[PDB]
Structure formats: structure tokens, C-alpha cells
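Visitor: The primary structure of each chain is shown beneath.
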Amino acid sequence: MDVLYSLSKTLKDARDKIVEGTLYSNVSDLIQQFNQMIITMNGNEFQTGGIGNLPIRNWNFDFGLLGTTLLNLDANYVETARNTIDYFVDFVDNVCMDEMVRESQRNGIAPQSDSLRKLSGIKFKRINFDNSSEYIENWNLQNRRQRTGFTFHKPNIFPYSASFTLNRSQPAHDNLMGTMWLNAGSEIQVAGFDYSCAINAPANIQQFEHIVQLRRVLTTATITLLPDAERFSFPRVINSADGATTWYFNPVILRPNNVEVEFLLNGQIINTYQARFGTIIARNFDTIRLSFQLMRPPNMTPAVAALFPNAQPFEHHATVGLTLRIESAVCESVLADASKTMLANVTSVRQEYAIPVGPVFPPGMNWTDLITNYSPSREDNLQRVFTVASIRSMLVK
Amino acid sequence: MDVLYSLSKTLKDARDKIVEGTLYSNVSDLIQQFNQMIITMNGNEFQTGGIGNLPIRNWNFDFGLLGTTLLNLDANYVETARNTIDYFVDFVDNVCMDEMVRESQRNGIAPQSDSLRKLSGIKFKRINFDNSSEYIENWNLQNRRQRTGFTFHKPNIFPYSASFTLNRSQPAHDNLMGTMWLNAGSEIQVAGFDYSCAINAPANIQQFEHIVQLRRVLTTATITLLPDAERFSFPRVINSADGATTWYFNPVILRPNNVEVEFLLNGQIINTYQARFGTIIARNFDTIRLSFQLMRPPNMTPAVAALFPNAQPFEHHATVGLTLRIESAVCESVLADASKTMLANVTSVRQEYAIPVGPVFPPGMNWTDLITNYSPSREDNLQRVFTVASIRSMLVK
Amino acid sequence: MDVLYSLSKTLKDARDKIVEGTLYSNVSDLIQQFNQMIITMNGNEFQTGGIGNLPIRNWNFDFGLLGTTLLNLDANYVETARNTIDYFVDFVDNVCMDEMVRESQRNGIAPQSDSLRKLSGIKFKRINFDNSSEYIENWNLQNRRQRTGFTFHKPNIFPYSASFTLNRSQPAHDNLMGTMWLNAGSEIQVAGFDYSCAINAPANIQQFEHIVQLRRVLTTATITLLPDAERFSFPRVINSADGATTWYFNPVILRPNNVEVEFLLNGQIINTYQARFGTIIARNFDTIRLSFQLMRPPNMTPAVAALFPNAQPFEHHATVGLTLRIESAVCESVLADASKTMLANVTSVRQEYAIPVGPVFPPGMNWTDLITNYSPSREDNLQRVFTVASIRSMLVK
Amino acid sequence: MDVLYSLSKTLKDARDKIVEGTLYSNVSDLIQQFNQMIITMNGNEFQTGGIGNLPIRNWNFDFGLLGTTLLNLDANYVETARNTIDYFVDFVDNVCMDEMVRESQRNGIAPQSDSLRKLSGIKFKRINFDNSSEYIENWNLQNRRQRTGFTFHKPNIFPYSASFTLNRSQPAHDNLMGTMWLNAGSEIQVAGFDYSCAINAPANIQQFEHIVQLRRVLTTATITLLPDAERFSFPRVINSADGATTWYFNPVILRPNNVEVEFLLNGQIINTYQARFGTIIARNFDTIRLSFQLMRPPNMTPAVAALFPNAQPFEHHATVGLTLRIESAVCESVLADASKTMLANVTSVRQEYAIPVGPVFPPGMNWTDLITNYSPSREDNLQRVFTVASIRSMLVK
Amino acid sequence: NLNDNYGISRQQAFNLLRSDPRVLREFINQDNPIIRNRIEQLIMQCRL
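Going down the list, the protein sequences come from chains A, C, B, Q and 2.
Going by the deposited numbering, the first sequence opens with residue 1, and the numbers climb by one from there.
Going by the deposited numbering, the second sequence opens with residue 1, and the numbers climb by one from there.
Going by the deposited numbering, the third sequence opens with residue 1, and the numbers climb by one from there.
Going by the deposited numbering, the fourth sequence opens with residue 1, and the numbers climb by one from there.
Going by the deposited numbering, the fifth sequence opens with residue 729, and the numbers climb by one from there.
Be a bit skeptical, because a hint or two may be false.
Listing some non-contacts, in silico: residues in chain C with all C-beta distances to chain A over 10 angstroms [stated by the list, open to error]: (1) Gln-32; (2) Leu-65; (3) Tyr-77; (4) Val-89; (5) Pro-111; (6) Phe-150; (7) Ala-162; (8) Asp-228; (9) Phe-234; (10) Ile-253; (11) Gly-278; (12) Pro-297; (13) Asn-299.
The calculated BS3-like cross-link candidates involving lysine-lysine, where the alpha carbons are at most 25 angstroms apart (straight line), are [unchecked claim]: (14) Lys-118 (chain Q) x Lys-17 (chain Q); (15) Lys-17 (chain A) x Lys-17 (chain C); (16) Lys-340 (chain Q) x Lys-118 (chain Q); (17) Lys-125 (chain Q) x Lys-123 (chain C); (18) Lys-125 (chain Q) x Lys-118 (chain C); (19) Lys-123 (chain A) x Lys-125 (chain B); (20) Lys-125 (chain A) x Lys-123 (chain B); (21) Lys-12 (chain C) x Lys-17 (chain B); (22) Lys-17 (chain B) x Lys-17 (chain A); (23) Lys-118 (chain B) x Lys-17 (chain C); (24) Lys-397 (chain C) x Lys-123 (chain B); (25) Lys-12 (chain A) x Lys-118 (chain A); (26) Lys-118 (chain B) x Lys-397 (chain C); (27) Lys-118 (chain B) x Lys-12 (chain A); (28) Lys-125 (chain B) x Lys-123 (chain C); (29) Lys-17 (chain A) x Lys-118 (chain A); (30) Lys-12 (chain C) x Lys-125 (chain B); (31) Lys-123 (chain A) x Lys-118 (chain C); (32) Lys-12 (chain C) x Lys-12 (chain B); (33) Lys-123 (chain C) x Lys-12 (chain B); (34) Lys-12 (chain B) x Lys-118 (chain A); (35) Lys-12 (chain C) x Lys-123 (chain C); (36) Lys-17 (chain C) x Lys-125 (chain A); (37) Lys-12 (chain A) x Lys-17 (chain B); (38) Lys-125 (chain B) x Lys-125 (chain A); (39) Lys-123 (chain Q) x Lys-12 (chain Q); (40) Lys-118 (chain C) x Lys-12 (chain A).
Worth flagging that the hints you see were computed from the coordinates, not collected in a lab.
Yeah, the Cβ is synthetic: ideal placement off N, Cα and C, and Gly gets one too.
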């Protein structure tokens, strides 16, 4: 993989640096590297493909070196260099498209697309130039196991779950108490709803709790915690658990009081926030515990008193909400984001070349079912395909 | 333009690398480059400006080269280096400010601001150092026409369109059916609404479809699709087609059933997704066809039957919503995003130097009316000004 | 600080470039720099910590140079390289924490964490390699005072503020008029409400103005302005100004007419947008003024005339809302964002090592109370800790 | 493209000048140029075709030069010359037939038909002999951007538009006032009709105006302007606006008084003509305004007074006509005419080889829908296909 | 959608084209949601 990244990087740097009129004193090192790569490659025959609608290609490298005699590059040299580089670029794109599709439950880290196994040999190890990118650096680190981490902007770690939970229900659905939540991508929008507005409750207070359990530990998360959840704040017609009947939901928002957010880890508490909103931080957490309340206003105007009466009809259901969006974060493992096109490239290639479903990745690579079960084999294969996708996308966009 | 980016990059790398105490062994190449630039430049007299409040400036370069015998850099060297770099820096800034305001319908790619044509001459070609940036790389590619790509995070490709469509309407506006949509920035929020909750429609089902057509193809778009559109979910008073009268809209959200989103291209279909929510992908698309339905609940409680009767008043209108955001994407054509400042730089320069309206760009360069007709001429001029804006921003942020 | 950045950069480039099989021609210069670093460090003993849970670690540097007879690299060299680089890496991490966990109101820019005061000596000045990154570039610029700038994506410049202003109030809270606003992170959402629907006003038009002031100037801001705010559009129960009683808010959204957005600067008007929606720009602004109107619909249907009567009950309150998000921006001063992790790493270190609260930063570094009073001392300390935190992140993510 | 034109021109001059009995003194330079062409070509292998029903022909050039040893040309020389020229001609014809069919939005000026991208290289530039023709001269000018010009005889600049405008309508269509116009190719025919002969109008006079806004600017136009538009001078049955019903039209011609023809440019007036008919001129104009009147004859005879009564029937409708043809003209851009076969050759090639419809040109290249939106992309593509069509017509008509 | 996510063999593709009940029921027993959704939609369209 390191040699793949090196090929991609030096091809990028050759398409960038080598232009007519530039100075050999600035590109001598890259030219020596390219010529050494050409030498190491001359005499090998590679085969690529053989799965799904991917064609079967054969590559035979026999090129000529690049002259070190000039001082200012001319077009007759750049043209030859680009004729040489486009073949390598097509070869690398085809290797990456051969490697992103295959899977294995046994040593997923160990390469597939056997041309890449061949390139992992010891006669090709002279091609390595530099491994600076985030994904390749974390690859080399996790191989030489150390405290690693990927940085994410708005990460997609929550699988889409839009559900409710009723702690007091009836067949008529006229006096309910419960909590609703939508956990999706980077956002959690939770809303505790009581139809009685905490009149029969002790101290005119009713509590609600929401426990989210991540599959992989995060770190240094920057979060925005706001009140008045939006998608649980308008009229609704929701179905029962067993789907038998439906029920009406006319919410009216109130502030959550004595709120508490506990970021935990292996059941132990790490961070705790009381009545704070706006921007917050969490240095490490595998679990989030939101705890909020609905407190009946002791004083009330005529309108709100006539809207929260002491009888069963209850045509305005009191609610208390909380939106929580993870803006940035850092994670030892690899996930999806709103910044990088690695997952998109992988999925697009698979959809394009009609790849059969394998033992590791779910059918079609649906991120919901891919993050709801993030077993180490899936994690390794996902890291591998994301890394080679980053590689392929450093050249072909 | 390549020599302008070369100037900017080598000047940035001078300001950064050349600092007191550093080692000549690591900056010899950059110093030879700077001195070759000085040699190429010295003797040439340039002009800049002559449009809007851009003052007309005249540049005359006669500088002295930099030592190369030292081992560690001292103040008596860095000071001269800075006195030489500041001149080129303000020169490049003035050049970019003169080149971001000029337009043309014929050969927008061709440089305006004729001093820049001079720089684009063949005797200045010896300054090129490395074309590493995304913008200049894609520029060189489009010159040497090849498969390009720009990667975008939340791109602004949709213009502001907040409008509805009624498929069954009357002068009284008491039993309507239709679809509303707000398409803005990177998001589409659509909502199909029926006042009679599909009481007369066949099979108690009402269909809704929304076809959005983009002015440029996209690729590898990571998309977040969620139900329960937000901004079409509260009471409203909305004007008529001809703007004469107004009507009321009290929506009640239900669940989308038989939802299907199709990503098409030139009218042919590429990708489709049926009842999949959350994070999805679109590998290549120019059109988005959403199709959803509204299904009357067969079972109903007293409270909801009080809202969905069998008679004409219909004081609660059943709705079904869909939000769809484009988090990331890749595109062969230059656009705006929520990450890059190039558009802001261009518009700020124009606002600051009082540039009258040109023949190509609308007044003030309002992205709405600039993306509502993304003609190739506009695309070329926009890529040009965005490239030189990136270049300027690399020095003066 | 420059020397610390140099250490971090050459150590990163060492972990990256110095791998098995690569060519000595590519890393000769980095190896000369590393050996010079060694030569300059060896013979010095450093102390780090003594505040909170930080142990008082004593570092002694006794390392040998890197051989230069080789042409390519072997694992028997990379191993020693790693066993030598890990020590400098943890030393740099500990120094960065020791500098993140210290404050000063007198010369906040000057180096605390006296090991760093030592590293700032004149004998260590031979280690400066390249001051390339944004933070260190701006550091050196401000030292050599010049027009600086940091580029931000969705910056957290607004402290969390959710409040209201009533221009016509009654003790029964029955016929109100005024404006509510929530200003948080990078977004504002402001909604003008009238319970009388502009029946008693002149010309059936009511005005609404929101004046936002920023505690730091901005430039080249890109903004998205949309109508029909979403978190001020559903039923609400809000509290009185004196917080004794509560009142009820049943809104109905209309369109903003004669909308006017004035971005000013010390009362001097800079940018003015009239009835433009979607993506807009602000070249320089300290103050925002949003001025909109609520105009009664003269042509009304029965369904809406039944909701906007000419009498006191007013069970449906006319509302007009605006959302304004700042997507990108450029600022002479350092802030927080949704893309980068400097604030997260700082707060995580402080919460992990239980640092007491200093005379400058608030308890827990709550960004709201930190951006409220953005004193120049707090600005200097925040710049310093963000720069060293970025440095630390360049090694340990 | 220049090399293609040079090929065609030297092959034309070879088929013309090289004939039995002619004198080497006259064709020495052409023989030198032909030999230089054969040398530049020998060694190259081209491929042409692969779109629609165009066969994919591969061309391989290995020929022998033409001696320069005689004085008078003998048949043994002309025979070889012809057996080479026929091959070169068929090759150039196939190249032109592959270039007349490939479209692109981005860089339409750039060579498509990649064999021609190869010909556009620098080893082929030795073929250029003389770029004398108008099209190639204007091409070289647009490359070396300068003030161009194409001369035209009867330029088809108006799209076919037959349409009326009723400034006074009734449901019965019995008393109408309005104007009809047919704009087609190089001619306009306009007719202002009043059913009441201006009986109720002030001073017994009625005004009529017609403003034509051209899509491209013309210069040095020669125009023939006459009264009594012919094709709107006989009885008619014309449909309504919405196309539902029809109405009769019995024109009776009078003469235009106070006739005023204004050739404008960007709203400014350039040429003004009053009471003049026949040959006129227009030095520059993007817009034409024809303003004529209808003046009731005060002194009428019995036979004519019995036609224009003072009452509602109005069985004879007074008309005033104006014909205006554009005989010759000059345009900075390219158009079609009644004199040049370029457009015909292009459309014939496309119809013959079944070229699909592309993103730029309308189906079948209908000049109406091609001139009604004269996009710069369309202008560039049209100039390119017209130029290569001229080239292919210089060999085979 | 099926050929994209559940990558399909030649025989399965030919039989899906010919609308073969054998392969249709093999998928319905393989628990293919892309097909179960279509079948539930057929039910919701064949209700009345």
C-alpha cells in the first residue's frame, strides 16, 4: 500500500512540478525517483481485474528514462514525460478499482488484487518516496501500533434511528408520557413529551433520559448543544408500536430545566455539563447520557392556564427538546464525514462495476447497517478501501 | 497564469522558509529560483489598472540578486530578501485585483489585464516552479484537455427557489392538492400536501413528484436524506400564483410511504434508492427526481378522526415532507461552497473598487442569478477569477 | 515558538520520509537538518511540568548522528531513526501541554513554560527550517507586525444568546409586539412577532430591527440569508422579562417585505442588500443591521380572515423570521470553528490534567463567556495556545 | 486548423498548377512546399472516424518526394503527383468529415477529432504556407485577438417569426388596432392595421412602432427600405392569441406619413432616416426601430369615403406597410448567407452520417433555434465547423 | 438498484429479466430488502 501511495504521490508531483521552463535544480530528486521507479517496474507483467463488470487488463512496463542533461525543461521533454505518466496513472486507477471491491474475513489488511500482492514484494520496496497523508500515516502507525487518530468534520457515526418510547400508554392515546429521538449522522434531536404537563407528578416535575452508546470511542469532540429540538415541534400523526392504530401529537415547547449531559466511558463518567448551551467539548467518550425535565410553570397566564388544564382532554402536549450536533471530532478508527469523498468513491465504483456482495461489507455498503455493526474485520477492510480510495482520489477526481 | 501562481508560491515559500538562523542547504533551490525570477523580471516595465477606482500603477523592476555563500542566514540578508519580496507581493496583489474585475464573452479563458498577457508571454515561462494547487492544476489540465475534478464540501449549486405547484385548486382555496419546495444552497426541502388527506383519491393514496434539474453534472455526491421537512411544517399564510390573494396552510405531518429518489443524467437514470434513509451516494447525476406518497391511515383514533373528517372544511391539511442535503461532491465545473473564500474575495474587490456591471456577470455577482444561467462563457470567466482569487488569497488573506 | 514548530515539522517529515527502501537523495537535506538539531540539543537538560497532574519530567538528550554513506535505506536505520524520534516527539508533546496549561496577563504573547523560554534562546535559533503553516505564519507576521489573517469555516463568533424584546407589553401578555432572537455559533435566527397582525399600525405596516455587534471585526465573509426561521415558528410557552410568569406564542409565518441587511463598520455603511436572498457577501463589517417589516395582507381569504380578526382575542400571532448563517470568513484574530480541533485539544488537556482556573480564561473555557469579553490579553493567550496546540496536533492527532 | 487549411490550399494549388507542359519556374515554390509537407508527414499514422456511420479509416503515409530536375513538367511526373494528391485529398476530406461533427461546450475553439489535435502539434507547424482566406484570417485574428470581420450578402440573421400585437382588442374582433410582422432571414415585413382608420384618434392620426433587437451587432450594413409590405396586403383569416378562434382581415393600403427609421446601439441612436425610401446605410446597430403612422385622408372621393365610414361595421381595415431587407453587411461574428455553402455542407454531412444531437447545437441545426440563442459556445462551434467546411469546400464542393 | 448493491450473476439476471418465479422466490428467501419493498408496494397497490 505504501508503494501504491508513493506511485500516486510521485505521479501527482510529476504532473504538477514538471512543466516547460521549470528548473532541473528543483525537480532533480523527483526525476531520480521517477527513473528509479521505471527501472524497478521494467520487466514485470501485471494483470488487473476479473470480478464483476471490471474488464481484464494486462500491463507491460517497458519505458525509457528521463534525461538529466537539461537545465530548463522544454516541451519535447514534458511531452514524453506525460506520455509516460498517463500509462502509470491508468495503471494505478485500475489497480485501485481492482482493490476497492474485494473483501476478506481473514487478514483483510493483507492485500488482495494479487498484482498488489506482487507490488508488496521486496524488489518494489525501493519505490517509497514519502508517506505524509493522514490515511497512509495512520496506516503505517496502526501497523507499527501506536496512538493514532483521524480528524473528522461532522462525522457520520450515528446510524439512522427515528423512534419513540412511551412510559405511560393507553389504547385511546389521550394521556401519554414518553420520549422521541432521531439519531442520524452527526445529529441527535431528542424530545420528551408529556400530555398531562406533569400535573399528577410529584413536585410538578417529570424526568426524561436518553442513553446513546457509540460503537467506537471518540475524542476531542466539539459539540453544539441547543434547546428546542426542531423536528419534534410540529403536529404529527404517529403509529403505535405494534402498528395497530395511530395517535395525534400537538406539541408545545417549554425549556428543559435542571438539564444534565454526562459523557461517559466504560460506564465511568468523564465529562459532565449542567445548564450549559452553545459550544462544548468532550475529550473522550463511548456513551452519552442526556437527562432533562419538564417542570410545570407555577405561575401561568390565562391563555397558558386554559391550554394546560387539570382534565384529561389535553389538546396541547407539553414538550422539552434538545438538539446536539457533533461539529468536529477525532477518532482512532475510520468513519465517514461531510468533507471526504472516500466512501463515495468506493460505493460509486462498486455500484458501477456491479460487485457481488461479499462476506464482510453489507449489500451496497449502506452506512446505517455498516456503522450499526462495526466489527474489527469490517473496520480493517473499511480502513483499507478508504485509504486506497484517498490514494486514487489524489490523482483522479 | 502559471507564472503568476509560480510567483505567488515562490514568494510565499520565501516569506516562510527564509528566516534568520535557517540553513542554506535547505533553501538553495528556492534561492536559485528567486534569483532566476529576478533575472527574468528585471528590465520589464508593467502597468496595472485603469477601470473602476483601481488606481493606475506602473512597476519597474531593478533589483540585486541574493548571496549564496553563507551557511546560516543573518538579518542583513533576510532584510534585503523582504525589501525585495514586498515589491513582488504588492505587484501580484495589484495584478490579481486588476484581473478579477475584467470580463469577456469571447475567450474568457484568455487573459485580460494585458500586463498579464505579457507575463503569459514566452520569455517569462522560465519562472514555473510547481503547479500544485487544485485550481491551477485543473487549469493546466483544461489547457491540456483531460478529465478534471474539483472537490466540494456543501456546494452552492442550487439557486434560491421557494415555490409551490397546485394540481387541484379552486378560487376559494379550501380543498387543495400539490407540492411545495424550497431549494437553496446545498439543500432541498420538499413537501406534498393534500387538504382532504386522500379521501376521494383512489385507494386512499395521493402521489407527489418533484424533479430538480441542475445546470452542471456532479459526481460522488454524499447525500443526507431525511423525512419530515421542517420549514413546511407549521401554520402559514401563502400568496396566490398571480400574487392577488392569500390562503391558509395548517399542515400535519405523516410518514412518507413508497419513497423513491432517482439520480438521473441527461434524462437517463443512473442511481435510485427506495425507502433508504440517512447517508446515500450519487456517482453521477444532473437531475434528482423525488417521488413520495400520502396514505390515509386505515386505523384512526378519536383525536385524529376529529382532524381528518369526510367533509369539506378540512382545518388540518395532511402533509409529507423530505429534506435532502448534499454534504460533499465532486464536479468538473467550478462552483461555490461553505469552505472557500474565492467568491468572497472577488465580490469584495468589486464592491471596493466600484466596478460597474459587465456584460457577463449580473450586477453584484449574485450567485442566484449567476447560477440560474451557467453558460460556458460564465463558467470560464468564473473559473478564471476564482483561480486568481485563490492566488491572491495565498499571499493576502 | 518557531523552533518548536521546526521540531514538530522535521519530526513529522522524518516519520514520513524516512522509510524502508527510499532514496537518500530525497532526504539528505532533512537528515542534515536532523543532525544539526541533534548537535544543538545534545548537552542540554530540560524540565517539564509541575502544575496539576503533570509529572515533573526531566529530559536529557544524548543521541548520535545519522550516517550518510548509504544510498538507499534499510530497516536497520529506520529502527534507530524511530527510537530517536519518539523521544523528541513525547518531549514536544509534554512541552506543548506545559505551554497550553499556563497563562499570563503581562506579555501573554511572550513564552511561558520556561523550558520554552530556554528553547527561545539564541543558540537554538539555528533550527528554524520552515514557518509554513497558517498559525505560525500569522505568529511571525504579528511579531513583524503586518496585515495578518486566519481563514475560518463556520466560526463560533456569536455567544449563545436566546432572548426577546417587547416594544408593546401588557401584564396579561395578550396583545404583544416585538422580536425574539437566538444567536449561536455561526448562525442567527431572528423573528419579529405581532399579536395584532398590524391592524392598529399605520398603513398596516409594522417595522422590526435587529442590531448585532461583533466583538471582533471580520472580512470576506460569505453568508446565507433565508426567510421563515424554523425555531420560532411552532407553539411556544415563553417566560416574562421578570421571570415570574409565562405567556403563550402561537405563530403564523408571513413573508418579510422591504427587507434590508446593512453590514456597517463603526457606523459607516459598507454593504447593503435589499430583497436579495440566498448567498451574499460582506467585505468588511463589525455590525449587522437586519431591518424588515410585517405588512398585513390586504387581500385575505375567509380561512385567514377568521384568523386575523379586528378584535382583541388574537389566537394566531403574525410572525416574520430570518435565518443568517456565516459559512466562511476571514479574521485578523483567532476564533473557534466547526472544522479544526485546537480548542478541543486545549480544553481536553485542561480537563484531563485538572488545571485550576487562571486569571485570564474562565472556568472550563466556556466559549460563550470567553467570546463575550474578548480582551486583548485573552486574545494573545488564545492565539498562543491555539498555535502550540496546532503544533502538537501536527505530531499527535 | 492552420495546418489543415495549408494542406488543402497546397493540394488545390497542386491539382491546379501541376499539369503537363507547365513550367517549373512557376511551381518551384509549390514543389518545395509539397516536399516539406511529405517530409513532415512521412512517419505518422492517423485514425479518422468512429462516430455514427463514419467508417474508422487508418492512414499511413510513406511516399517519395517530387524531383526538381526538369524545366517543363512531363506526364510521368504529373501521374505520380496525382496518385499522391488524390490520397492526401481523401485523407483531408475524411479529417474534415470527422471534425464537422464533434461538439463541446468547453473550449470549442480547441481542435476536436484528435487526429487534428495531433496535427496541431509543433512538428507539423512547418507546413503553413499562406493563411489568405477570410475565414482562416479571422481565425488567426481571434487567436491573436484583434478586430475581426466577416462580410455577408443577404445574411440570415432574423429567425422566422410571424406574429402580431393588438393594442386594442375585443372578444368579437370587430374594431382592432395593432401591428403584424414577419421577420425572416435577411428581411422584415411589418404592417400596422387599424379597423377604424383613426376616426376616434386625435388629429385623425394613429401611431405604430416596431422594435427589432438583433442577437449580434452588424456594421456597414446596406439596406433596401420600401413601403407597402406585400405579403400583408391581401385578405386573411388569422387566428387569435390563445389560438381558439379566428378573425377576418381585409387590408386596404395607405402610405406611411412621418415615417422614422432609427438604427440604435445600446439604446443610443446612431442612424436616423425620415421620409426616405430605397437604398440606405447603417454603420453600426444592434437594434432597429420602425415608427410609422396612419393619417386619415381628409379630402376623400365617393368610392373611398364609402369604405371608411364613421360607424362600427368597418368592412375595410386600413393598413400601412413597410418592407426592409438587409442586402449586404459586415459582422464581427459568423452567420449564414445566401452565398456560402458552409452551413449546407455541415448539415448535409450530419444528415448523411446520422450524427446524434449534442449538448450545444439544436436537432438538425435549425437556424431559427440556432440564432435565437447565440451563446458564445454556439458561436465558437459554428465558426469552427464553418471554417473547416470552407476548407473541405476548397477541395471537394 | 439490485444489480448495483446485490451484484448479480448472468443466470440470475437473465431469469429476473424473464420474470422467473424460481429466482424471484430464491431472492424472497434470501431476504432481499430491495425486492421486499417492491413486493410490499405491490401489496399496497393491490389492496383496492
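Visitor: The structure should be examined with respect to each hint, and the outcome stated for every one.
Guide: Verification of the supplied hints:
1. With a least CB separation of 6 angstroms from chain A, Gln-32 (chain C) falls inside the 10 angstroms interface cut-off, contrary to its annotation.
2. Residue-level check passed: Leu-65 (chain C) sits 15 angstroms from the nearest beta carbon of chain A, beyond 10 angstroms.
3. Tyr-77 (chain C), annotated as away from the interface, keeps every beta carbon of chain A farther than 10 angstroms; the closest lies near 20 angstroms.
4. Every CB of chain A lies more than 10 angstroms from the CB of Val-89 (chain C), the least distance being 21 angstroms, so the non-interface label holds.
5. Under the 10 angstroms C-beta cut-off, the non-interface status given to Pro-111 (chain C) relative to chain A holds; the minimum distance is some 17 angstroms.
6. A beta-carbon of chain A is positioned within 10 angstroms of the beta-carbon of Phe-150 (chain C); the least distance is around 7 angstroms.
7. Remark: the non-interface label on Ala-162 (chain C) is consistent with the geometry, its nearest Cβ contact in chain A lying 18 angstroms away (cut-off 10 angstroms).
8. Look at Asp-228 (chain C): its CB is around 5 angstroms from the nearest CB on chain A, not clear of 10 angstroms, so calling it non-interface is violated.
9. Look at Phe-234 (chain C): its CB is around 6 angstroms from the nearest CB on chain A, not clear of 10 angstroms, so calling it non-interface is violated.
10. Listed as outside the interface, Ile-253 (chain C) is inconsistent with that label: its C-beta sits roughly 5 angstroms from the nearest C-beta of chain A, within the 10 angstroms cut-off.
11. With 10 angstroms as the threshold on Cβ separation, the claim that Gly-278 (chain C) sits away from chain A is violated: the shortest Cβ distance comes to roughly 4 angstroms.
12. Its beta-carbon lying about 5 angstroms from the closest one in chain A, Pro-297 (chain C) breaks the requirement of being farther than 10 angstroms from that chain.
13. Consistency note on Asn-299 (chain C): stated as away from chain A, yet its beta-carbon is not over 10 angstroms from all of that chain's, at 5 angstroms minimum.
14. Taking the CA atoms of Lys-118 (chain Q) and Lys-17 (chain Q), the gap is near 29 angstroms; set against the 25 angstroms cutoff, the hint is violated.
15. A threshold of 25 angstroms between alpha carbons decides the hint, and for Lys-17 (chain A) with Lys-17 (chain C) the separation of about 19 angstroms falls inside it, so the pair holds.
16. Among the hinted pairs, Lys-340 (chain Q) with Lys-118 (chain Q) is inconsistent with the structure: their alpha-carbon atoms are about 29 angstroms apart, more than 25 angstroms.
17. Only pairs whose Cα atoms come within 25 angstroms are accepted, and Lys-125 (chain Q) paired with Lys-123 (chain C) is accepted, the gap being roughly 20 angstroms.
18. In summary, the hint linking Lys-125 (chain Q) to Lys-118 (chain C) is supported, as the alpha carbons are separated by about 23 angstroms, within the 25 angstroms threshold.
19. A C-alpha spacing of about 42 angstroms is found between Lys-123 (chain A) and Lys-125 (chain B), which places the hinted pair above 25 angstroms, so the restraint is violated.
20. Between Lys-125 (chain A) and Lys-123 (chain B), the direct Cα distance comes to roughly 40 angstroms. Violation of the 25 angstroms bound is thereby established for this hinted pair.
21. Between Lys-12 (chain C) and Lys-17 (chain B) the alpha-carbon distance is near 23 angstroms, which keeps this suggested pair within the 25 angstroms criterion.
22. Among the hinted pairs, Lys-17 (chain B) with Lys-17 (chain A) is consistent with the structure: their alpha-carbon atoms are about 19 angstroms apart, no more than 25 angstroms.
23. For the hint linking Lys-118 (chain B) to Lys-17 (chain C), the alpha-carbon distance of about 23 angstroms falls within 25 angstroms, and the restraint holds.
24. Between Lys-397 (chain C) and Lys-123 (chain B) the alpha-carbon distance is near 33 angstroms, which puts this suggested pair outside the 25 angstroms criterion.
25. Distance check on the hinted pair: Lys-12 (chain A) and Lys-118 (chain A) sit about 23 angstroms apart at the alpha-carbon level, within 25 angstroms; holds.
26. A threshold of 25 angstroms between alpha carbons decides the hint, and for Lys-118 (chain B) with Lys-397 (chain C) the separation of about 33 angstroms lies outside it, so the pair is violated.
27. At most 25 angstroms may separate the alpha-carbon atoms for a hinted pair to count; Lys-118 (chain B) and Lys-12 (chain A) exceed this at roughly 41 angstroms.
28. Taking the CA atoms of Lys-125 (chain B) and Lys-123 (chain C), the gap is about 40 angstroms. The hint is violated against a cut of 25 angstroms.
29. Note on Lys-17 (chain A) and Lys-118 (chain A): the hinted pairing is violated, with a Cα-Cα distance of about 29 angstroms set against a maximum of 25 angstroms.
30. Only pairs whose Cα atoms come within 25 angstroms are accepted, and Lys-12 (chain C) paired with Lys-125 (chain B) is accepted, the gap being roughly 21 angstroms.
31. Between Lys-123 (chain A) and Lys-118 (chain C) the alpha-carbon distance is near 49 angstroms, which puts this suggested pair outside the 25 angstroms criterion.
32. Using a Cα cut-off of 25 angstroms, the hinted pair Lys-12 (chain C) and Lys-12 (chain B) holds, with the two alpha carbons roughly 21 angstroms apart.
33. For the hint linking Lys-123 (chain C) to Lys-12 (chain B), the alpha-carbon distance of about 39 angstroms lies beyond 25 angstroms, and the restraint is violated.
34. With a C-alpha separation of about 29 angstroms, the suggested pairing of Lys-12 (chain B) with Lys-118 (chain A) is violated against the 25 angstroms cut-off.
35. Using a Cα cut-off of 25 angstroms, the hinted pair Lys-12 (chain C) and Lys-123 (chain C) holds, with the two alpha carbons roughly 23 angstroms apart.
36. With a C-alpha separation of about 32 angstroms, the suggested pairing of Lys-17 (chain C) with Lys-125 (chain A) is violated against the 25 angstroms cut-off.
37. Of the pairs offered as hints, the one joining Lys-12 (chain A) and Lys-17 (chain B) holds, with about 17 angstroms between alpha carbons and a cut-off of 25 angstroms not exceeded.
38. Distance restraint check for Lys-125 (chain B) and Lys-125 (chain A): the Cα-Cα separation of roughly 37 angstroms exceeds the 25 angstroms cut-off, and the hinted pair is therefore not satisfied.
39. Restraint check for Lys-123 (chain Q) and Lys-12 (chain Q): satisfied, since their Cα atoms lie roughly 23 angstroms apart, inside the 25 angstroms limit.
40. Of the supplied pair hints, the one linking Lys-118 (chain C) and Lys-12 (chain A) is violated, its CA atoms being roughly 29 angstroms apart against a limit of 25 angstroms.
In terms of the numbered hints stated before, the structure departs from hints 1, 6, 8, 9, 10, 11, 12, 13, 14, 16, 19, 20, 24, 26, 27, 28, 29, 31, 33, 34, 36, 38 and 40, listed from lowest to highest.
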